[PDB]
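Here's a slice of the assembly, chains where they normally sit.
So that you can tell them apart, the chains are marked A and B in the order they are listed, and the count of residues begins at 1 in each.
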Amino acid sequence: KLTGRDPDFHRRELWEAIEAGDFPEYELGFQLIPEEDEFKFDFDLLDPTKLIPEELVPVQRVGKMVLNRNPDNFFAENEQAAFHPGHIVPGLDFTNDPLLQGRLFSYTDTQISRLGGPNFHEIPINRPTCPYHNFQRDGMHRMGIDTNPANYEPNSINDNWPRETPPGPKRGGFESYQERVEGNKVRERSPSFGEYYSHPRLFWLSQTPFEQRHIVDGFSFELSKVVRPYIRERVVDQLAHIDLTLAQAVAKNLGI
Amino acid sequence: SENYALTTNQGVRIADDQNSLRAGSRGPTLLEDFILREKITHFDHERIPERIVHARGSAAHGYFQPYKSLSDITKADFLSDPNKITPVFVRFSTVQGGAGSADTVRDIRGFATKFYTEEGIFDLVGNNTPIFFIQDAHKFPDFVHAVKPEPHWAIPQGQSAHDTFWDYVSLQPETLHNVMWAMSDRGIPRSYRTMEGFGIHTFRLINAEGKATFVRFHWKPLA
């Protein structure tokens, strides 16, 4: 482990990289699937434990991102940053992926104690760089001093400003895609989510013999550190519903 | 690089930042030492709760621009013209360990990007494998509690290698796919600069006509 030699290695390399000038670069690409192709696959699109295979739907190059400046103060900018996937913009929208749906609730909620309340967007690193105005007020560590005669809408005392903005091609207000919804109020996993082994298989199958050795060693090392023996066997057991070689190799290393 | 006076937070110039106010040089320390208590107070409340997950992270400012207008598939401003520069802040992280845990551990990696667009902040918050461990948000706390240091003794730091994790994996086959990636070499990458990024979920792109297109987000390193 470099966890002994240097526990900050990755943090350090990224920084020093940027100091030096070799700016990490990344390409954002989209995998795109039209609405009607929703159910033309072996598996459920909204199943976050299944990947869309690239040979079926290719990743289209879409832009370049470049990291070119380290922060000035770690705590102020890094520790205090708040990222949250609910934070989308017109042109984007969600789906019913039930892992994401829940996420949407948590990244907001968790800011309230971590950043000490509902004004966390006033901390510089989180502050939008575009305009923002609304009728929210107060809250702990409030920085914005509001001059608006009104803190509600509709209002006539400030001619109703800030006003809502109807949805449009550019500079529009946010409206949700009007997805049809049909069903009963239920706590129940979609049966389409019911298949756990073929993706894990497809993955293994496309690993080089020496990558596969590594995976075996991973399972082996980790399972070796489990104290209760039966857990060990039960895992391998699952390993078995995936690919026999893998299951055995590992099982051999733990002795079964 | 700019030469200012050392002050309290109220702007009051400090003369001796080396000693408490006391009665005699060998005496007790006086409650009226307002400079001390401000200094100590602030030190005393320096810390804030760490993230529940991905406590351990490294970030950097940057920028993004698209290759061509995507206006055809999405009405999203930041993607509407190759001349539009959008600032970004990016944070890479591990998942299990704390703010002070090690970088180089076997674990999933976070890869979060805050896009400051002209039409709002867009946060694209993904990991470095194309799928998650679990299917419904409602198990998050269970899976996380399982992967985390165990509740009796708070061991181990930054390791799935203990009972609870594989106890859970074993009983929740859904997790196998990601577990596969985790045990791979993707689970122990050698630098953030050479990491892949995935948003995992299928999202929607919405164009100026209301046409929805399913999408999945990828970050691919050119280094």
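Note that in this section contacts are C-beta pairs under 8 Å (C-beta built on N, C-alpha and C of every residue); 3 or more make two chains touch, one makes a residue touch a chain.
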item: Overall composition (this structure file), stated as a label formula; value: A x4, B x4
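One rule holds in what follows: only the chains that are shown with their structure count from here on.
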item: Computed distance of Cα centres, subunit B from subunit A, in Å; value: 11
item: Of all residues in subunit A, those that touch subunit B in their complex; value: 1-3, 6-11, 13-15, 17-18, 22-35, 37-38, 45-52, 59, 61-71, 77-79, 81, 83-95, 97-103, 105-107, 110, 113-116, 125-126, 128-130, 168-172, 177, 179, 189, 193, 196-197, 199-200, 203-204, 207, 211, 214-215, 218-219, 221-223, 225-228, 231-232, 234-235, 237-238, 241-242
item: Residue ranges of subunit B touching subunit A (in the complex, touch as defined); value: 48-52, 57-67, 70, 73-80, 87-92, 99, 101-106, 112-114, 116-125, 130-138, 140, 158-163, 166-167, 169-171, 173-185, 187, 191-193, 197, 199-208, 210-223
